[PDB]
Structure formats: C-alpha cells, structure tokens
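Colleague: Chain by chain, the residues:
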Amino acid sequence: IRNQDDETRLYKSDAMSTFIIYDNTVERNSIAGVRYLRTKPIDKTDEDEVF
Amino acid sequence: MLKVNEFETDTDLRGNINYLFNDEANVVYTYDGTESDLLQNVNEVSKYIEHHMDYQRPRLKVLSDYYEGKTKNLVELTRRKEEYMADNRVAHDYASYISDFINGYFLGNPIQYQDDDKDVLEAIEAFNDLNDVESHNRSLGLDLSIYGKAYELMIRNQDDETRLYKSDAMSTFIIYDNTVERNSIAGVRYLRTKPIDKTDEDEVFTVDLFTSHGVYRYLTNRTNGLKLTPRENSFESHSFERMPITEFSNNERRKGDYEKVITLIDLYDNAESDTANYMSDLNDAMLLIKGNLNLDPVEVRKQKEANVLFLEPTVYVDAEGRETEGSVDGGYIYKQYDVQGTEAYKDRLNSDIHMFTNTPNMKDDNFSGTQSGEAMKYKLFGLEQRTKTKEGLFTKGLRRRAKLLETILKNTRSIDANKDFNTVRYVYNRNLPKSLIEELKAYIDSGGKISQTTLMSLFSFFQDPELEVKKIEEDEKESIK
Amino acid sequence: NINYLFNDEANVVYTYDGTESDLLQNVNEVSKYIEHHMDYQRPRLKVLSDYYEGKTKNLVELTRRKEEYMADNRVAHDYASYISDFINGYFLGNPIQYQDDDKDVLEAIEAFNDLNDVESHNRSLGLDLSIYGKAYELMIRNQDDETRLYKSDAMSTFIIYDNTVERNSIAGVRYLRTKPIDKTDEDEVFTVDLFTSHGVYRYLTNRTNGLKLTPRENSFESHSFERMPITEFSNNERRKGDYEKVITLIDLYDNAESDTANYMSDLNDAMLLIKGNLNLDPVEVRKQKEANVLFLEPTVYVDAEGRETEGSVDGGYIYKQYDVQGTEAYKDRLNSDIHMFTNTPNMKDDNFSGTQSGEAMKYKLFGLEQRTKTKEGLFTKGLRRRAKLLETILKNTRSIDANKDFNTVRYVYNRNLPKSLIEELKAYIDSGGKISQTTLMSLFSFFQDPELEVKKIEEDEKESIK
Amino acid sequence: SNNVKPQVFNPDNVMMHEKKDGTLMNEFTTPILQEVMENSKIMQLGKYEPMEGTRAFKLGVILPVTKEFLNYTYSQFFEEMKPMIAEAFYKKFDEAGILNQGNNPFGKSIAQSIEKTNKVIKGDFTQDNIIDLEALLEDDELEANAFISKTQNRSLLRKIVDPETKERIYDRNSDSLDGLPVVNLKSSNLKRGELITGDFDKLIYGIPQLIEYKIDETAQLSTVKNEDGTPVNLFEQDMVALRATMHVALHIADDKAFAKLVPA
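Protein chains in written order, with the authors' numbering: chain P4, 155 to 205; chain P3, 1 to 481; chain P2, 16 to 481; chain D2, 16 to 69, 104 to 313.
If you are wondering where the hints come from, they were derived from the structure by calculation, not from laboratory data. Cβ coordinates follow ideal geometry from the N, Cα and C atoms, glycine included. Honestly, I wouldn't trust all of these hints.
What the hints assert, rightly or not - Derived DSBU-like pairs: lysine-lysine, alpha-carbon spacing no greater than 30 Å straight-line:
#	chain 1	residue 1	chain 2	residue 2
1	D2	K62	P4	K198
2	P4	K198	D2	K34
3	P4	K198	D2	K157
4	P2	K81	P3	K441
As the list claims (entries may be wrong) - Listed below are several chain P4 residues computed to face chain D2 (Cβ distance under 8 Å; list not exhaustive):
#	residue
5	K198
6	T199
7	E201
8	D202
Go ahead and model the full structure; you've got the sequences and the hints to work with.
Modeller: Here's what the structure looks like:
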C-alpha cells in the first residue's frame, strides 16, 4: 500500500483472514483479493460476529 | 442373490476393481484417420473423452491422493470401530517423500543451453526468462514423478507473447497417429466448472480440442452423454503448424515413481495403525487379586498409596466341625506383544520401500567420512541409472518445445527464416552437494583466474564486496609513501 | 509361469529352407510361422513384460485367495524393474561414441544419429534386451525423404532366417492387432506386414480362417535397401532375459510377504484371558482400559452334605507370536539369492570405504561386467548392420560417394560408472594437459557468467599495468 | 458416580448427558443457531449515561452442568452459552424498561409513562392514525425518533399508501416507517396491533457493571434440591456451574415523550 505519509509499505496479511479470487483462464490472473476481520471488544464477546 | 440379476437389483458390487494395474488405464490412444477425418466426426472425440473418464482418470486420481497423503487407510472408514475406542487411522506420506527426493535430484539444478549461433541462443534465453522455464521444468518433472507423464501447452497470448503453461494431467490427453511414427493428431483438455456454494444437478464440463491448425471449444454434461455442443465463438486459429500440446513421459511405460510400491505403503499403514489400536485399547497393567474376599471400593482408592497388601483367606467350616482355608492370591499383570516380530516386519517393509525406489534408507545409514559429493554418488548410483533414461525422454520433449518456438518466431518474422533450432545442446547437471572451497582450490590450482570482485563475491564474510576494493586501494596507495 | 517361460517351443529361432522367392510365392508358410509365434513365443514375452510392469503372478492368481471377511493382502515387489533398470543403465547410460578415419563417413553417421536421436533409441533397445532378451529395429525411408529408425515391439515382430549355417535373415514380419477403444471389438483382425529384401507386402488376417493372408489394397511397397530392413539384437547367445531365471524366487518372495501380511491382519495382537466360573457384565468389561484392580471372586460350590469348595478362577494376558528368526532368515536368503544370481549389488548388506566411489564400484560390479562385455559384443554386431543399411541407402540416393566404406567405424563404449571431475582435472593438468580459460570456467558452476568473467578479468589485469 | 438411574433435580435445570428414559447423548452433534441472536433494544435506542456506582438493579443467572455432559456430550458448552446469557439479559432488561413486564424493579417504564399521560390512540393502522400518533408527541414540542413494533404486523404496514403521493408509506426493505426506523420486539407481550413511539433521547440508561461470568466447581446450589431434598453440592456430586451477573440502571427524563397506538 502507498501510505498516507506517501511511502510504499509492505505488510503481511494473515492467511486465516485473506484469500484471492483468480481468473478462470489457464493463465489464472488474480481478479480480486479479500480480507475480513472480526471487530471485537477485549472482553464482551459479541452476540453478532460482525465482520 | 443370483449373480445373474444382482445387476437388476443394483446389488452388483460397487467400489471394487483395482485401478492402478487395470489393462484399460495407461493405454496410448491412437486414431487411424487424419486430423480432418477426426474433426469432421467430433463424436469420436466424445468416445475418447468418455474412456478417459471411466478408466484413466481414476488411476491418476489415486496416484494424486497418495501424493497428497490421503492414503487408503484414511478414507476406508467402512470397517473401522469408534463406539468407544479412538479411530487411530494413519497415513505415512512415503509418496511425497519419494517423489520430492527423486525430482529434486533430477531437476533441482537448472538445465543449461548451448548453441553455435548466438541469435538462436538468445531467442531461446529470452523465451526461457519470460516463461520462468526453470520453475516450469521442475513442476513438469514432478508431474512425471507422480502421474508418470506430464503435459505442456504453448499459446500466443492476447498481449502478443509466446507463453508456456503446464496442463493438468487429470484433465488432458493426446490422440496419436496410428502409424509407427505416432505423430500427435489432436490434444484435448477438459475441466469441470462448478458453482462454489453447491453441486450442479448435472455435471458440466468445458472441453477444448487442439488441432494442428486451431482450437475448437465445446460444452458437455455427464448427463447429456457428453454430446459436444460448440461454445459461442467455438473456433480460434493458432499460428503453429503442429498440435501445441506436448507430452513428456517418466519412462517407456509412463509409470509413476512410487506407483509400484503403493501396496507396501498400505501394508505399513495397516501395521502401524494396528499397533496404535493395541496401545489405545489394552490396559498397560493391573493389580490382580483372586480368591473369596471382601473389597471395599472405598478402600481400593488407597491402592496408589498403600504399602502393605494384606489378604486374609475365608475360613470354611464343615458341618462336622472341620476348618479349611480358601486360596487367596495377588500380583501384578501387564500387557505384552511380539515386539521382535512386529518390528522386524515393519523394518522389512520400510527397507523394501526404499530399495525398490532407489531412495536412501535413512534408518540404516552411515556417512562415509566427510565428502558428501562423492559419498552420495555411491548411494545414488541406482537412482542415476533410471534418471539417465528419464533425461533422454525429457530432452526428446524439449526438442519439440523448441520446434514450436521456432515455428511461431518465423511466422511472426521475429527471427530469420534461415535459422535452425535443432542444433541446441541441452546440458544437464545433477543436484549433488558441492564444496565451494574445494572447487576454488581445484580451479585456481591448475591455472584458473578470477577477478577480485568476483572472488570477493564468493565469500560472505565481506560485508561490502565492492567498497572493500576502494579501501584496499587506499591502503595500497598510502603504502607507497 | 513355468509352463510358459521354460517350454521347449518358446524362444526358438525360426529357419526356412527355401529362398526368399520360395517363401514369398508360398505366403501360407508365413501364416504357419505367425501362428507358431502367437501360440508359443508371445505368451513368454507377455509374461516377462507383465513382470516388468509389476503384475506378478501373486496379484492376478486370485483363484485360491480368501476375502469373506479378511483383507486380500496380495503383494508384488517389482524386483524385475529394479534389476532391469539398474543393468540397462550400467550398460547404456553413457552414450556410445563413434570414431572413424574418414570424416565424410563420420559426419554422415553423426548426422543420421542426430536426426534419429540415436542416444535414446540405443537406451530403449538396451532396455528391451534386458526384459525380453531380444530387440528389433526397423529402418525406413520416410515420406519426407529421410532415413528414419524406429524400434519394433518384440511381442509383435519376428524374423525368419536362412537355414544355412550363415543364417542370413530371409524375411521379417510385424503383426499388429487393430482395436478401437469403445468396444472390446470382438473379432481378431490383424494387420500383417512382411518385409523382404526388396519391399514390404501388406496383408490382413484373422485367427478364425487359420490366418489366411489376404493382400491389403495396394499391398506392395518398394524400399531402396538391398537387405531385409529389420534388425535383431540379442541379450546373449540364448536370447534370455536378465530376471527370467529368478522369476520363481520373486514369486516365493511375494508369497512369503503376503503370508506374513495375512498373519498380521487376521490375528489379535493380545487379549486379556479370564478363566473360571464367573459373572462378567458386558457393560463392566468396557472399563477394562481404565480399571486399575482386577478382582476375581471364585464361585463357592456347596455339597449336599454341607461341604464347601472354590472354583478355579484365573486371569492373564496372552499375545500372538510367530517364528521371526526363521521367517526373516528365509526371506533374507531369497533376497540375497536374487541379487547374487543377477549380479546386482545387495544394498541390504553393503558398506563403502573412503571417498573413491567409482574406483571401489568396479569391485562390486565385477561380476556384472563379465556379462556386459558379451552383451557389448552382440550389440556391436548389430550396429554394424545398421551402418550397412545406412550406407546402402545413402549410395542408392547418391548422397555420398560410392567409394566410401562404413565397416571402418569403431564403436567405443563407456560404462556409466560415477566420476569425479576434481580428481580428473587434477590428473589431466598434472601430466601436461592444457585447457582454454572459457572451458575451464565452464566446468565450475560457481561462475555465474562464465563469459562475462573474462571481460571482468581484462579490466582488472589492465588496471594492474598502471 | 455409580448411580445407574439419573439424578432427578428440582427444578430440573441441570444439564445432563443422560435423559430420564436412559438415553446417553453420545457422539453428540454440535448445536447450531436456528435464529439470529437478539440484541438489546433500549441499549440501541436510549441514551447512554456514564455512571459511577449505582438507580441500578442486579440481573443474574446460574447454569448448572453435569460434568459428564461437559465431558462426553458438548465440551464447549460454557463458551457457546455466554452469548445466549447475554441475550437473556438483553431481553429481560428490554421487557422491564419498555413494557413494564417481568417484575421490573424500577418504578419507571415506558408503559407506565404512557399509562400515566394517557397518550394512547385507539385505532387500526392507517396513514391518519400514524400521523395522529406522531402529532401526539409533537403537540408537546417533542419529535418522534423511532418506532417499536411487533414484527408480525409488517403485513398491516404494507397495506398503507399516501393517497396524495400514491406510494407506500412503509419501506419494507429499509424497515422504516414515514422515514423513521422501526425496531422489532420479539417478546410475546407486545401484541400484534400495538405500536409504540417516542423521543428515545428522553430515555436514559446506565450500566455500572458489564456482564461478569464466573465458573465454579465447588459451591453449594441451595436453590436446586436433589430428589431427597438435600441441596446440590457441585464438588461432591461432580458438577459445574456458571454464574453470570450484570448491573443495569434505567431513567426516563420526560414521561410525556412516549405515545402508543392500540387496536380499538
């Protein structure tokens, strides 16, 4: 990502929360990637698993 | 049952026939007619596709499952027990161990190219760099190790580039000319589309048929009897002059490197899960107490902490006044099994699995002094004999890859029509371990020369391999004063 | 097995008393030979092939197996493949080199070899020699007007020889089953191609009519050689395979190992034995894995006159056992004998001293070398015929001067023993050898750019002058 | 224990591995949530008040579980049950504050505010009755902020259309009436034909203590009698119990800020 301070930064993305959807052709270009995270407070376990 | 009508009952036993050694699998498909005679009667290709699904794919699928470690012992839950004991099913992954070792030995060190004409050599090198051919070659050599064969497809991309892609062995095949020359008449690839959230009611297959002049695209279902229906914009011309798919073989028979020892892998899985059952299900030891006695189950809880065990026998009184004592007894008992015989049997299985695959038996191994590069060459002698044949067939495939590349380059006039690509020499190096210090000493002795910057680049104690040169010029300069 | 491998009619050499004309006018005789081959020689070859593919007798001879509740546990060990690949790689893993005093002939040979990829062809012939004991190659002037060399399968090719002591080859035949894939196409049609010294005759046949040879449309096809194009190679003077004589031991090893796999599958490893008159609750028995005390209280028997006596209760573990000493000594003997009779190194009883793997290896393979040297003689005997054919077609096409002679070629064989480039370099540069810098660099793989390095050396060596 | 008949408890609130008919729940499949878990409506609508100390009242519950059940039936039970208790607390608090139901401890509630001010509309759902309901609030300079409704009456709301603009006054996709959001109450006490509205910023609440959970393997549950009438001892009967507690406070700043529509 190009950071707000205008610098090129590289960050690892956790495998349990990231995946990629690839093009169906034999070349398999990457069409789109998704990341999803569970928002939580530290103690009060949410009754809805909001992502 | 009468076996005559087990079929009509649909009792006719499902899930039986052995897949690896069947006579229909592993056959080479041939056709008597020309490409035109085949293409005008596309139904024939339907027959070949169906045969491939009913016989060849199951074999390749089993070989793949063993490479993934999904051995028979994990999936054959039919006769297992889990009412109160643990399942303790096991898979040992010998297939992965073997095939990664053998392929790393063959193609772990990149193939080098030599030619007398630098224009051809640089066109080859340009294509290889664009297609990352080193990694591609490794992944072919691994399909060669698993399935016994591998495929590669070459296509002129939309961005006007020559691209090389591996084609999945479970979804590709080639139909050959019936003559003794066995030219490839046509190639096919077919993939199951499916929704991600569901199984389609039918099974839908997309089918691509590659001829010497173009690609034809079709659609089919398992439930339609695979009636090939042209897809929208079915035909697509390609500028080669021969069928683009190439097939590489592990050996003459196209047999996988562990295909012949799967039964020993199974026997080893069964033996080890058997011992794991014995361990799970039998009590290690127990305190045996015999004889007529009163045991308080409240008192038995002291068994861990009592020092003295006192057994007082029941005294029996006879009606005529005689007295006699019951026979009390006590002692520990413990479970035991034939360790000698089971370890000798499991050791024989492991030894045979390594022997029939020429893989080093790590359990019965010693290191010959210190010189790894020559010590391995003794042990890997048997594996070298097979690899040299595989190397011959692999080069036979690369020559066709080059023939295709020269054809497309000439048709695009990206190279002079005068060039010939069959002069290229493919040089193979094995992935044996090497000793840079002993090689430097062998190269600089005997008259070798090395540039200072390169020599420095070989030793990692130099933190700045170039700056060091300036620092040396400074020292050597002030030494003049 | 036995009745196919060691039969008296299999593996014989066909001879014919008449000339080529005497046969070709009486093509029915070729039918007799084709039938004899199918009836006797082909079964043997099939069995040898099946063993190479690992389809040993134990896998298919289900006839006496059991599967009512136990597993089958049939096994095949693949000794045939291990042996044949090892022996063949030792003989032909290193390409045959060619020498000649005349460069025109040498380059015509090398051109033919390069076009036909003769290195791989030779290796494949060596493999067929190892498994079947014989091999065949066919040479044809292609439609694209090139001299091509193709291997011919042993199960479908044979040669009929002149009856005289010289045994010239009179005629070769190839017979092939056409079959489609969709149907187990029930009729036995064969296409039979008969090769003479002047052309190929094509026929159709089927078994039902006694293999009556009926000419195919456009039956005849001329070829420009002057001798029968198919060549035969022999593994030894008896044309016997390499593992053919140990198949019976391979069978015994399969049977022994599947026997132990049965003993392992069918018997319980151990059990808790409890004796005597007692009450066991099948619900309480399930605590067996987690109970600490086993308490056995004997039944008390009361006599009619009032006497009392106790039953004999008992308990203890029992476990299955087998004669490990005898079975492992026996299986070790079978394995050792297979390796001894095939001169293949017995990996289970093996050691290595020092570092010179290649110099020590000639000791262990000394027994194998004695057989390989004979195979080498017969192989060269065949290659000389290949060259004779090639010179004939080249002369008839006038691609070479009629003055040349091909029998001067020297075929040089190298074994595939392991080698040690650092020792060989030290031995070559000691004793006065010379090497060009670019070549020397090409031998060592730590040079990332063997040619750029030369420029990079010139820069340094130039600034060293100042 | 060696008892082969299962222990009868009174009340029968103890979770057990074995039913009264002798069925062991062995191999037992993981339960799944057939419904969305419900969230507190007054915690959604009302205004939060930072509060130190306690008026507050204490909510609480105890869930006993037989350790055989905690072992051999559903091991994760206490992790999967904590949200379900949070649901139960939300429902108890909502029902007390809104409907004045469930022995609410406060002397304050929306139902009591409406019943005091008599700000009730008799009638069926019509555009004129919705407008009159809102005007009952705007009469006293207060503007409606949201609607509270029994979800089973969306069938009634879809049938109302503005006869001038000639469109549905109720957006069934947004679940907003006349542009105001409608929250649904699952409780059985608010009847089909009843609708509530108000300026919920006039309803204030506080939470001195968030939901605190404590798992215990040792206490005595005086309130649960064994079949013989002796109190349940967790440690001795090999039993476990989870205690959950929370403190909540409720305040209504202006009891004229709420109005109710009810069937005639």
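Colleague: Next, verify each hint and record whether it holds.
Modeller: Hints versus structure:
For the hint pairing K62 (chain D2) with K198 (chain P4), the CA-to-CA distance comes to about 20 Å; that is within 30 Å, so the pair holds. Restraint check: the Cα-Cα separation between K198 (chain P4) and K34 (chain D2) comes to about 33 Å, which exceeds 30 Å; the hinted pair is violated. Between the alpha carbons of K198 (chain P4) and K157 (chain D2) the distance comes to roughly 27 Å, so the proposed pair stays at or under 30 Å and holds. A hinted pair counts as satisfied when its Cα atoms are at most 30 Å apart, and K81 (chain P2) with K441 (chain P3) does not qualify at roughly 66 Å.
Contact between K198 (chain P4) and chain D2, as hinted, is supported at the beta carbon level, the nearest pair being about 6 Å apart and thus within 8 Å. With a cut of 8 Å, the hint placing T199 (chain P4) at the interface with chain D2 holds, because the nearest CB-to-CB distance is about 6 Å. For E201 (chain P4), the interface hint holds, the least distance from its beta-carbon to any beta-carbon of chain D2 being 4 Å, beneath 8 Å. Interface hint at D202 (chain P4): satisfied, since its Cβ lies 7 Å from the closest Cβ of chain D2, which is below the 8 Å cut-off.
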